[PDB]
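Below sits a lone chain in structure tokens, taken as the form deposited without its partner chain.
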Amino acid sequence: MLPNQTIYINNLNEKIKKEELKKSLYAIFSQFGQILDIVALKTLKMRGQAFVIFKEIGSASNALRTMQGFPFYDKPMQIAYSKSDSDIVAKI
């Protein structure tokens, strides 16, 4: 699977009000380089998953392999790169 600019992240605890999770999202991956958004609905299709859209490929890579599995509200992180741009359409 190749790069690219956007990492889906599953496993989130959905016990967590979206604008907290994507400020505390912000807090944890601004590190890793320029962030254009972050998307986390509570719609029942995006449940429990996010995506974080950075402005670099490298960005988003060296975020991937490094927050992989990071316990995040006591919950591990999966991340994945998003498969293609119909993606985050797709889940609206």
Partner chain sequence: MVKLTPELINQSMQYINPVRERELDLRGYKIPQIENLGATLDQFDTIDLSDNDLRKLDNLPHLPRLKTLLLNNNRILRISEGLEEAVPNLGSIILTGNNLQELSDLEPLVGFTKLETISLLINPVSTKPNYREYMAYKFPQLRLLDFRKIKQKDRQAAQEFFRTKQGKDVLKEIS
Given for the second form:
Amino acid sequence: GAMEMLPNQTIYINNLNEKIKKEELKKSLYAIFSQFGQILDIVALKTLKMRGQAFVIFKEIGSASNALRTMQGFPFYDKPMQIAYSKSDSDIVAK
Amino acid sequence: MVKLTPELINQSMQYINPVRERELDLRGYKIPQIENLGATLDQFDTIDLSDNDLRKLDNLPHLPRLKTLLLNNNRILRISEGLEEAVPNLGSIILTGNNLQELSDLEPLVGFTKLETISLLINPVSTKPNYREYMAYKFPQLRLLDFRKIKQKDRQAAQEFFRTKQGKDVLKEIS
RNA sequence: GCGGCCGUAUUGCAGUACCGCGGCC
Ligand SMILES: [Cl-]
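Next, report the structure of the form deposited with its partner chain bound; the form deposited without its partner chain has already been given.
Up next: the whole complex, starting with the chain shown before.
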């Protein structure tokens, strides 16, 4: 298997329902993940490469860890969320 | 324990959030009661009262700009009636992680004319019998419930159910 | 201009004008 990521403040979500308009997708991602902590930003595009995916950037690593553990497979707009730590640090958390 | 004060409001983060709206951050202060929100001067699209110790949703001043309420992880078990007079344009109410118990406890949300999104995840009421059906039937304008859409076919089926004797009995008991 | 329904392709690690295509009602 590939290398696992140590806990990061950013979670990567894919298998998202691609029919949902981008604005509404970000709005609903913000609402459902707001339970876990302060969210610094959400990065979601609907290009061919990046649609069906989103990065949710938390201020605290603990918030991301709970988000990942709790929401894994949650049926968001009737598709189960696939959630992982991101493979790189998000720009907005740069020192 | 804390009070929600004008100074607490003035010293909290007041910023453009990730969905481009004006948000007041009141998360994590162990606030026991809503008060003094009039001091916001109706500046915010969104108020984040996540992670406090509210036991009821009440005591709102007139805030026509307010469109999203984040109420994650409080202890809310009652909503005051008639809040649509204070916050008529409320479009989403996020009550994830609270203590609302019965379908009749949601009665106070009915008069919001623009309320298109509700989360009652991690509330006791979300596992009551007939929960999703009832919500479709009782809130005609509700579009997204616990981040699953209420489809027209869902609402048709609910309305057909509540016209049966079984459904009628369910409604009788909810009252 | 504004929707509804059905299907189909992409399962993709990013920082955004915008975002796949097709069939019915
Ligand atoms: Cl970023």
